[PDB]
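Beneath this line is the structure, given in structure tokens, with notes to follow.
Taken from a larger complex, these chains appear in their original positions, while the remainder are omitted.
Chain nomenclature is as follows: A and B, assigned in order of appearance, with residue numbering initiated at 1 for each chain independently.
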Amino acid sequence: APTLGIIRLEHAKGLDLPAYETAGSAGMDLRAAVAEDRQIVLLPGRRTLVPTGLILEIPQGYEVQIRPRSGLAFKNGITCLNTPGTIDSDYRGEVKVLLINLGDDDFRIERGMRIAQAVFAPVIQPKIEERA
Amino acid sequence: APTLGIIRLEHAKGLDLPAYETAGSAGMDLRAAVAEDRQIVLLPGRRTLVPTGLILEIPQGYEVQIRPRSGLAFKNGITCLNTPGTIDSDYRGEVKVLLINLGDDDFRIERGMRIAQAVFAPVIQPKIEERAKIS
């Protein structure tokens, strides 16, 4: 099995590492690493980039997809706007989740809230051949 | 090849099992297993769960992704809000599809309508190693 490296930045240190819940799980929940005293309200129609405080180190040949939580999508109409979000094996910046409120409630985002799921997947760079 | 188990519930009566159209197909189309003599109305901005009438039995090591139907996205602005929806090997509920109307017309959901596609894939759980420095 490949190894996924995770660095917790300072604002993610008090939150758990991502992990698979069971041997059957497809993904790992990611949480909002906003400050405890800086909760936000995502208004209907609006979008916001939510920090996780994580840097991912994905080996060559793999990617991580950032997918929506189904519960939040159903209950509140919240989703990830750029889904599935593509984290490259090459990326060493912080992973951030772009949420959009496509419902009609004023949705509160708080530190520690589960906001998305990460799925680790193979990816290939094919030879690209122009043809007639 | 791995085997995907499918249970058809009673309200899926008369609807075929999902199947791949060809050896080249990446996904299987799912249909709306809603009551036969009713149209469900999905107004602009609204979302709703649509039953497929299927329980999937996905073997450990694999997942199913639920992806949008392109034709309904183009023609009516309809999509799957939580796309790509993740169904794991633990899940044994009925598969439901979360549609949202991001167009300007009343959209009518009818029995048998194709509403999404299912893509079956292996899933990998990498070893998670916390690191203090960029490698």
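In the analysis below, a residue touches a chain if its C-beta (ideal position, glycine included) is under 8 Å from a C-beta of that chain, and two chains touch if they have at least 3 such contacts.
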{"item": "Given 2 visible subunits, total identical subunits the whole complex contains", "value": "3"}
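Rule of thumb we're sticking to: only the chains that are shown with their structure count from here on.
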{"item": "Centre-of-Cα separation between subunit B and subunit A, whole angstrom", "value": "21"}
{"item": "Residues on subunit A engaged by subunit B in the complex (per definition of touch)", "value": "1-8, 17-20, 22-28, 55, 57, 62, 65, 67-70, 73-74, 77, 79, 83-84, 92, 102-104, 117, 119-122"}
{"item": "Contact set on subunit B toward subunit A in their complex", "value": "45, 47, 49, 60, 63, 81-90, 98, 100, 102, 121, 123-135"}
